[PDB]
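Before any questions on how it binds or moves, here is one chain, the form solved without its partner chain, in structure tokens.
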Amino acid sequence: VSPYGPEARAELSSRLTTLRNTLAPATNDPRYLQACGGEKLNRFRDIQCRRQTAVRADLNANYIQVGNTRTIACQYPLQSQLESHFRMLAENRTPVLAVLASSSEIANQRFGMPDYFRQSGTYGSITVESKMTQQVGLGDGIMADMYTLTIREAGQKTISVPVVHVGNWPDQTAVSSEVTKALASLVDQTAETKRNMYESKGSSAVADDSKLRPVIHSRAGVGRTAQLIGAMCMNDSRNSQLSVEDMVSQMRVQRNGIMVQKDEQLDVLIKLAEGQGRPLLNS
């Protein structure tokens, strides 16, 4: 009986479907961060932000810990949220910002996805400089474009953030397991280089577990984002024996029930787990 056979797969899907359904947000749900005074918080009305793990009161963004792996998952910031988003990125000493929304999505003005990392700009008191750096192919034609974002604000320490932009991963799809591995390695390596610099400089952030977290977002911050975070957690040696059930349940209780949004995205996590001999189900 394979632990990765149709019966185990069906059981995993049944457990996760129950969890998605019971985590769906109620109106004024105490579990979810609420908008204040009419200003839009959630890019998508029913893709909400777990209050207990919210990063900032005015962002749809969550602290995520899968096993031992600590990240932030968020939605693509709204235009009104850009100053706060850049403050999140700077205060976190962000070692990598992985953006998985496509160039086509960002270009479509109907979607309200500001092009905040590929060009320079001013957002309230913050000035952001963008520089293009290397381009890395990930397989199957999927491409990572990298940037450095330098975040300035009078009186504040200047912070530069490495960005990994996958510009051609379409919404509601899963890139293959091989592409996912290549992406997770690139994001982890980018993060480790930048974290190492901070540690070399004696940054206080090194000792603060709310900081130095990779920040990942897509458009909603639940589909492409969750596939990448699940693959990153499987690269962390500390996460031996953490099951797929655990990793998806943790992302869901810590952000919302949509984390791992499409069956094809769950299937990639299952395939990566099987490759490691990692359990799918608890017990």
Second form
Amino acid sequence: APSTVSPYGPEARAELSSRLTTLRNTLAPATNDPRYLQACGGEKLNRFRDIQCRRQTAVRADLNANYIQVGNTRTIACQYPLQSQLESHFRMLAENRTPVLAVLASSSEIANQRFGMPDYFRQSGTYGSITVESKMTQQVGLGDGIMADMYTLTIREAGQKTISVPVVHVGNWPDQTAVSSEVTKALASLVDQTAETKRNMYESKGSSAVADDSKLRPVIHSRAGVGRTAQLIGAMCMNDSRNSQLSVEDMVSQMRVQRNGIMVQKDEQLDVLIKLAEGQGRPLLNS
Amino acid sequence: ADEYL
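Got the form solved without its partner chain; could you also share the form deposited with its partner chain bound?
Now the complete complex, all chains and molecules, led by this one.
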């Protein structure tokens, strides 16, 4: 333990947000910032002007996604793909041999036609040269009424391997909100058991993706991919038995430095992370 | 072609 003679007390929290805020400002994107991936081709890259994508971590040049790795946990966080990116979005999930895709965008959001959030996983379709196919499977409750619906996408493109992708869709998580630690924990555990089952199938078949640290990474995205996406990722991180001693300061800082200083937007979301870390004897601060 | 299906 650092030196606060009360790890999860108030002073300890005040200090945590102090360091976090200082980092958010330091990471604040500037016009034509060399650290953040810029928009090329005249096309729209970022869904939000203020929610940028880091440069040296972006998956592909035309998408707002990042290769984030907190401690020993390797995942990929992105924004809800714009229609003009869906074709590229799918090629990433395939090349990645995605063991689990988690969508934390509410059904209501995908519904509102103004938000421009394509319903690309609940229905089948054709996007350019890619031919996807959705299929409904299980439906698991996570408590507090929050529920997850599962689908199985099948990205098929001529001259490429056909990839099946397990999808966990949580449609009752409002925007700018934060589900209780209970739900969150139960949620992180389902994603892990989903990717674990799929990754096994890949190993069994001898795929060469098991030898690449840039593949087989769970892909997660909400709407902007910095709030609800962060809380889930922070929980997955702690759901790992190899990330012992990794503090909350490390979790958040690494997320922000590998994507943008917005990860874990609201405070009600950081708190869910603090409470989970508090029940494991996990440190909040460093040094 | 459907190696992993």
